[PDB]
Structures are given as structure tokens and as C-alpha cells.
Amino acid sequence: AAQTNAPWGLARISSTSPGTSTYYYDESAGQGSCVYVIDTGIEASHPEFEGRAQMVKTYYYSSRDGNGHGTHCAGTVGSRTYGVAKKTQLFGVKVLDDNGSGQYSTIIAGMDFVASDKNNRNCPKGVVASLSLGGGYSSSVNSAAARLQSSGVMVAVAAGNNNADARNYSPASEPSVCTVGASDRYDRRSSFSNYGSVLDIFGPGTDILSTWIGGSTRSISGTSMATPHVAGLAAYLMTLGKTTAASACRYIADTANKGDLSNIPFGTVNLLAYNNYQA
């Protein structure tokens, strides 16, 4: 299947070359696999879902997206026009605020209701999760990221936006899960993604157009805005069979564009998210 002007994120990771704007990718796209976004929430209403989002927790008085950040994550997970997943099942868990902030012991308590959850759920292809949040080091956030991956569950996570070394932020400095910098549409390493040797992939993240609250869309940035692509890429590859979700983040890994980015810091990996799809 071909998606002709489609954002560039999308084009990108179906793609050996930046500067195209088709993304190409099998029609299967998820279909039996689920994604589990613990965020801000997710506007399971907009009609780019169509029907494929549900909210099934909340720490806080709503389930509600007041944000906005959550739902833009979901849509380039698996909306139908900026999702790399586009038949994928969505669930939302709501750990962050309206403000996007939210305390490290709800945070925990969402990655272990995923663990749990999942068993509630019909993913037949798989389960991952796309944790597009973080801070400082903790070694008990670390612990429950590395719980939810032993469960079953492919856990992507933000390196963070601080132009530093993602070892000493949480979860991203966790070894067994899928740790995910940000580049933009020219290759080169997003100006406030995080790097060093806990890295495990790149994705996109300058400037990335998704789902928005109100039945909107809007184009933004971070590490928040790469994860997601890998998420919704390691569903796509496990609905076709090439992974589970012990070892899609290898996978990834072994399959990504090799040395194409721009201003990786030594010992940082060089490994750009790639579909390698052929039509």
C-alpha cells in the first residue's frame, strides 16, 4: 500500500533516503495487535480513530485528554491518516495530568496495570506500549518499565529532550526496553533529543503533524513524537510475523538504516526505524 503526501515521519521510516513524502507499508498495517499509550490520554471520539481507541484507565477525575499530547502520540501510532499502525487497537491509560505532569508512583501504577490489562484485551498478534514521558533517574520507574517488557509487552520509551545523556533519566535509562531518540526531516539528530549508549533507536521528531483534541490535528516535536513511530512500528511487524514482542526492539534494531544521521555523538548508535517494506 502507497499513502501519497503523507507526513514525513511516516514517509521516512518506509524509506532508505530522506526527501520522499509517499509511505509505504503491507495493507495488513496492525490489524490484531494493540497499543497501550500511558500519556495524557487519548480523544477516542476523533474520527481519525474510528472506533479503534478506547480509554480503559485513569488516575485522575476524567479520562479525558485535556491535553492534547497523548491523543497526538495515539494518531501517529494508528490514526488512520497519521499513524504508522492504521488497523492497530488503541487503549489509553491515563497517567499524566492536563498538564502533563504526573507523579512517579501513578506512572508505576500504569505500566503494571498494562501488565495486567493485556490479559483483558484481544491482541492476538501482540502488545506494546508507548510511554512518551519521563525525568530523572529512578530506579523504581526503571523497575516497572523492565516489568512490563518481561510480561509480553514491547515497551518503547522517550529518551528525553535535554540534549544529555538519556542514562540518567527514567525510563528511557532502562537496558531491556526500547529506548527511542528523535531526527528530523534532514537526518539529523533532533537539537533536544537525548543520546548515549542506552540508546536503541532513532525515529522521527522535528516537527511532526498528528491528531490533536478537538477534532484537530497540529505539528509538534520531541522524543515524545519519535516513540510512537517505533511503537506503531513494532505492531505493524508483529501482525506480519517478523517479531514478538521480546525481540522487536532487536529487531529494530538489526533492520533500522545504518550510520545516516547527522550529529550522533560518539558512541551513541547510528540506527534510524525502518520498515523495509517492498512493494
Second form
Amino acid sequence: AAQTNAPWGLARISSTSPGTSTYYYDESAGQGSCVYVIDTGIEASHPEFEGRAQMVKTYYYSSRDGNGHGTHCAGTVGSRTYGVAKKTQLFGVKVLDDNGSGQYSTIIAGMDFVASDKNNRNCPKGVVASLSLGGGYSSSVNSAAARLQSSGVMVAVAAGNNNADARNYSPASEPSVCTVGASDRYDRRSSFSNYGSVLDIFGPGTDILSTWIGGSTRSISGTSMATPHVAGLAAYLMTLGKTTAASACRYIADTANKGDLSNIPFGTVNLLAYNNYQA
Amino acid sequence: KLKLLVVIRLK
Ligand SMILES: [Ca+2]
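And the form deposited with the partner chain bound, for comparison with the form deposited without the partner chain?
So here's everything in the complex, that chain up top.
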């Protein structure tokens, strides 16, 4: 399948070179996989989700995304127009409030929730969790991410937007999960992207168009935007049977475009997520 | 959280 005039990030993850505008992908499109988006929530009613999104848990008064961040990230995972894995099932877990903030204890609870809840869902091709959040180092938060990964969920987390070494941030700094940095449309490391030896992979993160609340769309930037590209790619590859939850991060790194990125500091991987699609 | 969600950006 091919989507013409795709958002640049989708085109980029299906090409060996920057500057293309078509997203090429297998029609299976992540069908049979499930991705939990652990964030401010998801506007499940947005036409772009085609009824494939549901809120399953909230830690606040409502399950509504009053912010937009979670809806944007969910859109990049699996919306019709803006998504990597266009047929995947999306589950929303609201651990962040409508200002986009949340306590570490609530974030941990949300991770433990997903490890259990997945046992109640029909996801024959596997389960992914996308965490576009983080803050200062916490061994407890790292531990929660490690448990979630251990339980059989492919965990993808944002590296952070501090232009610093991600070793000082969580859950970015947990080695066992897939830590995602951001790039721009000219194959540069995004100016805000964290870096360091704990990064596993880069994905598109500057000027990413996706779904927003009120049935709208908008473009925003962050390692929050790169993370769902990798989460969606993982769901896509699991559905094709190329990899499993336990090994997807390594598979993505192995099959990445290598050496394409500029402004990568020594000691950080130069690897950009790539779907290897051939018609 | 300790990270983003603002919406009047930082570059
Ligand atoms: Ca890792």
C-alpha cells in the first residue's frame, strides 16, 4: 500500500533517504496488535481513529483528553491519515492531567495496570506501550518500565527534550525498554532531543502533524512525537511476524537506516527507524 | 510527568 502526500515522518520511516512524500507499507497495517498510549488520554471519538480507540483507565475525574498531547501521540501510532499502524487497536490510559502533568506514583500505577490489563484483551499479534512522558531520574519509575517490558509488552519511551544525556531522566534511562530520540526532516538530531548511550533508536520528532482534540489536527515537536512512530512500527512488525515484544527494539535497531543522521554526539547511536518495505 | 505539555514552544 502507499499513502501519497503523507506527513513527512511516515514517508521517512519507509525510505532510505530524506525528502520523499509517500508512505509505503504492508496492508496488514498492524491489524491484530494492540498499543496502549499512556498519556493525557485519547479523544476516542475522533473520526481518524475509525472506532479503533477506547479509553480503558483514568487516574483523574474524567477519562477525557482535555489537553491534546495523548490524542496527538495516539494519532501517530494508529490514526488513518497520520498513523504508522493504520489498523491497530488503541487503548488509552490517562496518567497525566489536562495540564500534561502527573505524579510518579500515578505513572507507575498506569504501567502496572497495563501489565495486567493486557491479559483481558484480544491482541493475538502482541502488545505495545507508548510512553511519551518522563522527568528526573527515579529508580522506581525505571523499575515499573522494566516490569512492563518483562510482562511481555514492547515498551517505547521518549528520550526527553532537554538536549542532555538521557541517563538523568526516567523512564528514558531504563536500559531494558526502547528509548527514542527525535530527528527532523533534514535528518538532523532535533535540537531539543536528549542523547547518550541509553538511546536505542531515533524517529521523526520535529513538526509532526497528527490528530488533536475537538476533532482537529496540529503539528507539534518533541521526543513525545518520535516515540509513537517507533511504537507504531513495532506493532506493524509484530503483525507481520518479523519480531516479538521481547526483541522488537533490537530488531528495529538492527534493520534501521544507519549513519544517516547529522549532529549525533559521539557515543550515541546513529540509527533511524525504518520499515524495510519492498512491494 | 516532569517533562512536557505547554503548547507555546521552546526553540
Ligand atoms: Ca534500551
